[PDB]
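2 protein chains.
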Amino acid sequence: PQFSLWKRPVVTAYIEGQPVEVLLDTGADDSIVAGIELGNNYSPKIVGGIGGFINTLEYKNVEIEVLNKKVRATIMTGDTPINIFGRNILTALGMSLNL
Amino acid sequence: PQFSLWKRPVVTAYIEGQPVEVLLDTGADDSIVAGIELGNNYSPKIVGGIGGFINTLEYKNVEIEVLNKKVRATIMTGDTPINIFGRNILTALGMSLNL
Ligand SMILES: CC[C@H](C)[C@H](NC(=O)[C@H](C(C)C)[C@@H](O)[C@H](O)[C@H](CC1CCCCC1)NC(=O)[C@H](Cc1c[nH]c[nH+]1)NC(=O)COc1cccc2ccccc12)C(=O)NCc1ccccn1
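Chains as they are written, first to last, in UniProt numbering: chain E, 514 to 612; chain X, 514 to 612.
Since the hints were made in silico from the structure, they are not lab data.
List time: in silico DSBU-like cross-link candidates among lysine-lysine, alpha-carbon distance up to 30 Å:
(1) E:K583 x X:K520
(2) X:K520 x E:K558
(3) E:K582 x X:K520
(4) X:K583 x E:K520
(5) E:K520 x X:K520
(6) E:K520 x X:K582
(7) E:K520 x X:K558
(8) X:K573 x E:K520
(9) X:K520 x E:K573
So these bits of chain X aren't anywhere near chain E, every CB distance computed over 10 Å:
(10) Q531
(11) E534
(12) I549
(13) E550
(14) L551
(15) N554
(16) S556
(17) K573
(18) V575
(19) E576
(20) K583
Beta carbons are placed, not taken as given, at the ideal position from N, Cα and C, and that holds for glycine.
The shape of chain E in the complex, shown without the other chains:
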């Protein structure tokens, strides 16, 4: 699939059985999903963007299915207005930006 940028490129993902809507963001190093339950093997981290810095919960190799394709990749939880899917998953899926 092609992606028009006329609308926000929001697609729906299943984060390990848990369905969730995420934004394909090529200006994110990482992926931040709010309120999903991923467990116990976490490490707190802080992320940054334009208003400042947020505190997160880093989980590794979680399983993810999006655009009907599979992946295991780092997942950071936090207080984000939207679930962002950054470059770490975009590469995993083989996504690109074309002019």
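Following the hints, position chain X with the ligand against chain E.
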């Protein structure tokens, strides 16, 4: 041509003469830059993201040349740590995210 997400998709643009390193971001509704003196032709505004809000000077019809294409578009000025090229500029050059 084409771009991978291995590395930040950062490009060299020229906003009315002045060259700058910009991030191609499908996750921004708007474009924001710093260290560029546009003029006393603006409207002020509050754009938000991770970490909260920031204030900007909004400037309509600015001319840009990036990746061999010339376009005219709104550009916001403010305290962004990295210059940003949002969806307003992506659709002006005919870029898309594909899989
Ligand atoms: C750390 C991971 C994280 C994803 C991070 N990057 C960013 O946040 C990107 C850059 C500033 C670097 C940023 O453009 C990004 O993609 C974010 C992510 C955003 C989170 C909120 C939900 C929607 C998406 N986009 C943005 O910040 C753009 C900026 C903008 C332009 N016009 C108006 N606003 N925001 C938007 O388009 C408006 O989004 C919103 C959508 C829905 C609700 C919202 C509620 C409140 C605020 C925003 C909402 C990064 O890698 N940063 C590297 C870095 C940071 C600091 C210092 C050095 N390096």
